[PDB]
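A single protein chain has been omitted from the complex, and every remaining protein chain is retained in its original position.
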Amino acid sequence: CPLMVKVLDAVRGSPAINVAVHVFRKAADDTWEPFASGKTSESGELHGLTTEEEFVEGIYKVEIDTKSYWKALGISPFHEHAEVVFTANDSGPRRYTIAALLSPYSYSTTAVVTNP
Amino acid sequence: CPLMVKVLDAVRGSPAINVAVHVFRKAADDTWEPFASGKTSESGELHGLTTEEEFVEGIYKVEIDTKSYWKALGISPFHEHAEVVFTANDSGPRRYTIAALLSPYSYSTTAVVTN
Amino acid sequence: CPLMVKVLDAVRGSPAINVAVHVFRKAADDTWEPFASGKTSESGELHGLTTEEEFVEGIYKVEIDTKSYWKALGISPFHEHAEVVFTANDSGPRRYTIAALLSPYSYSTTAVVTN
Partner (left out) sequence: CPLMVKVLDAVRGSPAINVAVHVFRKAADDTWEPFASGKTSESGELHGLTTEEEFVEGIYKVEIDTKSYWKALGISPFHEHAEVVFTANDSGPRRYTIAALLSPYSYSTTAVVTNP
């Protein structure tokens, strides 16, 4: 599990449950190719998106579908989604945790990068 | 004025209006002494808290009454207030902007220090 | 101007100066079309991006070139850039301020929408 996503809800003070996440990887023709997807669990975490073999060097985009999350709770938010774009594994394999904190008109995102 | 406070509301995407703000200065006996206070304007800003003459080096605390703000909007908050504690240091001319972004169970605060 | 961008630096406690910002509008064929761009000023702000005539309802993306900013300061960043994607909706007069607070491995963004 070299890529994990955590999401928290700043209005409720709780994990953000059932948040859809789509990961893309930039292809040779400079388009975003679908790479992996999933949803956050009751703990707000999304595990098992990829494997060490599959998660090669590249530029990755982690799209967090924040609008669908808020609308399912009856709230009209500002952003369409949160996009996190980064180069991965350029100095060898690393483990990446993408963390996000959500409010209807604001969000924060952090990266925790560790070396196995 | 060398000290200004700005407060934003992350739930409504708006300035945080009519928020009470209290500034304290640390006295020699280690207690917090009232220094200045006010309420944020329609733009979420509080100007005119102090003057360069009065804002000497020392430790200051800015207390933002976030609980009352959320209660007035019918929203149940977590924190009693937001506290920002910092040292004022002289080191050339200095303007201090204390910014805060409020959510019911979260807040962020930033210091913008400019010449 | 109905759209403004503000960028702050959380490491130095200062405006983020000379940061490139690109705005795109979603076209009918689902691609991102260049719409406006500029560089943040000494106050970290980018004004005059568009006009009320041109800023019609639709989906917009604001791209902040954070990687170049940190590299110019000798700091190694994580993100390629910061992207802010939102729908502009009419619903009375509307000013949009897109604010961003930058750290090397983190960023926050807020929308302040005022009448």
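We just call them A, B and C in the order they show up, numbering each chain from 1.
The rule is simple: a contact is a pair of C-beta atoms (placed from the backbone, for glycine too) under 8 Å apart; a residue touches a chain by one contact, two chains touch by 3 or more.
Colleague: With the full complex in mind, choose from B:17, B:20 or B:113 the residue touching the hidden chain.
Modeller: B:113
Colleague: For the full complex, which residue in C:99, C:101, C:111 or C:112 touches the chain that was left out?
Modeller: C:101
Colleague: Looking at A:8, A:62 or A:82, which residue reaches the missing chain?
Modeller: Considering the complete complex, A:8 is the one touching the chain left out.
Colleague: One chain isn't shown here. Among A:40, A:50, A:66 or A:108, which residue touches it?
Modeller: That would be A:108, which touches the missing chain.
Colleague: Touching the hidden chain in the full complex, which residues of chain C are there? Just list them.
Modeller: These residues touch the chain not displayed: 9-13, 78, 101, 103-106, 108.
Colleague: In the full complex, which residues of chain A touch the absent chain?
Modeller: So the residues of chain A touching the unseen chain are 8, 10, 13-15, 99, 101, 108, 110-114.
Colleague: Just the residue numbers, please: which parts of chain B touch the chain that's not shown?
Modeller: Touching the chain left out of view, chain B contributes residues 59, 78-81, 83-87, 105-113.
One rule holds in what follows: only the chains that are shown with their structure count from here on.
Colleague: Report the inter-chain centroid distance for chain A and chain C in whole angstrom, where each centroid is the mean of the CA atoms.
Modeller: About 21 Å, centre to centre.
Colleague: How many angstrom lie between the CA centroids of chain B and chain C, rounded to a whole number?
Modeller: So the centroids are 26 Å from each other.
Colleague: Just curious, how far off is chain B from chain A if you go by their C-alpha centres, in Å?
Modeller: Between these chains, centre-to-centre, one finds 33 Å.
Colleague: Quick one: which residues in chain C touch 2 or more of the other chains?
Modeller: 108, 110-113
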